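Supplied in structure tokens, the structure appears directly below.
Of the protein chains in this complex, all but one are displayed in their positions.
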Amino acid sequence: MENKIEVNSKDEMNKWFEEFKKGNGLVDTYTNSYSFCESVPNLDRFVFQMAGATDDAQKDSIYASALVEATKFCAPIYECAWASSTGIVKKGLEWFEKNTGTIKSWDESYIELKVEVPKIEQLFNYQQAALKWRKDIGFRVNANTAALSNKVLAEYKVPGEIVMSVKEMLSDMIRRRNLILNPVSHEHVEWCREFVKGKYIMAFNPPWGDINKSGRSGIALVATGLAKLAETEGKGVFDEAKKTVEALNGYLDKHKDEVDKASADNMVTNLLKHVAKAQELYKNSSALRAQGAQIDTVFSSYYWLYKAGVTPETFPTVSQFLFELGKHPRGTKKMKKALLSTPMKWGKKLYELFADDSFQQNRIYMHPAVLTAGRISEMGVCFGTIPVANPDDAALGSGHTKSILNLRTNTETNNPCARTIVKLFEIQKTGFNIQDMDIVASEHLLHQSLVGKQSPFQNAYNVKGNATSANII
Amino acid sequence: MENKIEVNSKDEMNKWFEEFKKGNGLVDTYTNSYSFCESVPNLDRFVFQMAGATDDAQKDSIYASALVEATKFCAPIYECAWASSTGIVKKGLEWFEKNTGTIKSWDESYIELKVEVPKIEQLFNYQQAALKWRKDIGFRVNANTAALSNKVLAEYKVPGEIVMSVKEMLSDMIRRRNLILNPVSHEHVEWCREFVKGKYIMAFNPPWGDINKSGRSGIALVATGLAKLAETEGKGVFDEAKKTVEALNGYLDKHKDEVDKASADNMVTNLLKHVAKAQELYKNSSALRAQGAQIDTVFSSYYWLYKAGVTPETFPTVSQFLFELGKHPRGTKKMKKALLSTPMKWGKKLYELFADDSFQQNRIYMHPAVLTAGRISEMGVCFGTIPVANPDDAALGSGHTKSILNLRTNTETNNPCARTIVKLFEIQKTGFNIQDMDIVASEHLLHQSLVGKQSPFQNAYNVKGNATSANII
Amino acid sequence: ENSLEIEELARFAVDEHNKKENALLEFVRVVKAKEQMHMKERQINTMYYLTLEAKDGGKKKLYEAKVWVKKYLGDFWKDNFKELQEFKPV
Partner (left out) sequence: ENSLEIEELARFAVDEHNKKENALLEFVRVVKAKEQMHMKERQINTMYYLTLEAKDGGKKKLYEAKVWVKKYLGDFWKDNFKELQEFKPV
């Protein structure tokens, strides 16, 4: 029908929300933003069910149901409402036509990206485009809708009762991150790590052999080493790869009193060429291209809306769809049935955008603008939580994964978020073989919590540091 | 030699400044920041020189000499020092490597912008990039290095003796701004101005005739009116107006029993169309891109440094160059000669960036990141005032235009800034026909002084209001 | 319409009680019923107060049941939910 959320400014929003809150009775006892969650979902039974389950369909069903119950009532109403507010809808959908050119890099390469791995510049273009999208329509209303440029947590506070269960998860995350990083030898990496910290002299006569020796890869090990160190420990190394270079150009060309200036003058080129190449390797490193694949929920959602040919008037039907989808666990099959059968013109188009089977490599690499059935949940949290045609229905509950981020992360409430994630993880573990999955949702949610996300609408790309290097206490 | 302004923090800075100040004996009697200006510059003789002059070369020489004498000793030492401080140099030069992506819009489109007119998004991108650039390297140390978000002053006190000379300038500035129009009547503007404030009833009976009456070009008078108003009173009008229609359609719901619901349903649509078209007209207005073409001195300076391939180690020679350039008036000829022949390679490169004659339209439209000979003076105030290789030489004096902003604008000293600017203007007036010039330095300086700039290092883009609408008292 | 529906809820209620308390009640027939519905566009909430007959081994007994039904007429999925909220003998 029609969008019952007329908002174009934060004040209007706040009025609408304050109005909505009293008539519905929202709470934030367990959540960072006001919601219907009045009790931490108890997912115990789904475990015993998963244990008792035999066939796979029932296991998937159980998991889906569990996840729904988890996310059913704990959606951040303010931000969710703002996200589907007439204003932001209008501006957000408009923005794509006014900027079709800037995004051609991945936009027009969509059908290719369904199957192929994206190139780094496409990821870059995407992220920048997302940040611009956020800036241009004045999306930021509070912290929960901000873009994080801050820092990953080094200490993650959890209840004792699950610590080992969390540490177990990380151990499986660490394991995975290490397969992305692989395999160039470790001693070389140590050479670099210890080199930059302040022991340059080794460079004259490296212990591995020769400065230019190549391995199975067709190039000097130095480059791969630097690339590796950079992959595992950020861009900063490339700055120290100019500070620590003072001794190179200095001791070789400048210091005419200590070292030669003929057969040594060319040594300056020798390593710096490898540093340059090391940057070139780091840019295209699996770690980075995986890192760049990190998805911006709301932007991708609105992009998919745009691609689906959704207008600010057909949008309520989409919202109603996502709501009804989140309301009660219902499979992909039924989802596709409902997608195709609807009178609405978007459903078929939106269906055509799916790329589940199309993809070949590890899903972690799939460009963040590629829709898949599983990724519908990305839209679900933006539009599905509150059906704009009749927002009062939101009290019924409509679960979508990332709403779990709305849960509190502090000891006062014993971190219901962590408990939930762990629970879902252990359910998945009881039901399936974790090792054999490309991506474990719960692990991802944990990783998102670990970089300090507290709402699904925050952009955590510009966050700095390695989240898996955190300590659980 | 090497940059002898060792600073990375405000702490080091203040000490350095206090150290420099005692040995040199700076004053701020006549200046907003401490400087060598111990007497308000007397530019009287240059007028009579300009009167007696016949050939143009001599006139140009005279003007140059006058301007140098004006700007020679009144440079803001603290800020200028901070601007060329080793820390800010490193961070400022560094930032461009770490952020090439965000600035690709104009950075990589450089060679074309030398000749062609920039598009609005390029200006916007530039300004945004500048504002971020300031933040990312922690440039702000005080007010004189801040980014202004305030509003232009409407009341500007100058001594009687020069009032007529100022209003004359504005009168010539206003005339120039009117060239934005290629003229729509004023009554429409008053109508809109009073209309938007919350008076929908006016829509029923426009004094000119009907709401849809067209002008020249034959476009909706409403659209041109709002379009005009936005320029004079910010972007907001398109919301405050669009708002004023909601109250109409509201009012059309009560009297839907009295008035039609057919030809009245279209009044709102019609007006909304006029708001849209007005937005579209304002988007492409000369006033806006001209407003946006405003240059950010330090950012463009550091950008040009970066583009010239200057490093934090070669910078002292650049500072020395700009110093020697500002110290004594020397033509474009000598500059171009000296630029190439220097052993340093940047000198060679930086010259290649010039685009003076290349432009065809009014030079005011040229993108603010495009270097030209005349625009070198933008760098001069950042680096030239104090030669970092030998700072004491700063006592010799090195004049660059924007240093005039360092002069005081208050009644205590009878506003030496205004006096100086007026004097220069009157000199150029004595020498040349102002009307026939694309850019009048004095007018621009006044225009910058009018938005309440008191240091050349301030960003006055986020300032709000029309500066030429100010009153002289 | 309504009379064609209750008996299902009665059988459901008994069948539910059989599980809830591990018994062998056999549904006989219904005698009284009191519906109370709340419709709100898409959202429907019906509460039923039932009085039914059930066998327990042979003898026919009366039972005061109470059932909640929540419905949501959706565009893509019509949702139905029943919940025996209370079941006691008369």
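Side notes on the structure shown:
All chains are identified by letter, namely A, B and C, in their written order; residue positions are counted from 1 within each chain.
Operating definition for what follows: a contact is a pair of C-beta atoms (placed from the backbone, for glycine too) under 8 Å apart; a residue touches a chain by one contact, two chains touch by 3 or more.
Between the chain not shown and the residues B:175, B:334 or B:345, the one that touches is B:334. For the options B:14, B:58, B:232 or B:390, the residue in contact with the chain missing from this view is B:390.
Only one residue in the set B:84, B:145, B:317 or B:448 touches the chain that does not appear here, and it is B:317. Residues of subunit B that touch the chain left out of the display are 317, 320-321, 324-325, 327-328, 330, 334, 338, 342, 390, 393, 396.
The working rule: only the chains that are shown with their structure count from here on.
One simple way to say how far apart two chains are is to compare their mean CA positions; for subunit A and subunit B this gives 41 Å.
Rounded to whole angstrom units, the spacing between the C-alpha centres of subunit B and subunit C is 78.
Subunit A and subunit C, compared by their mean Cα positions, are separated by 47 Å.
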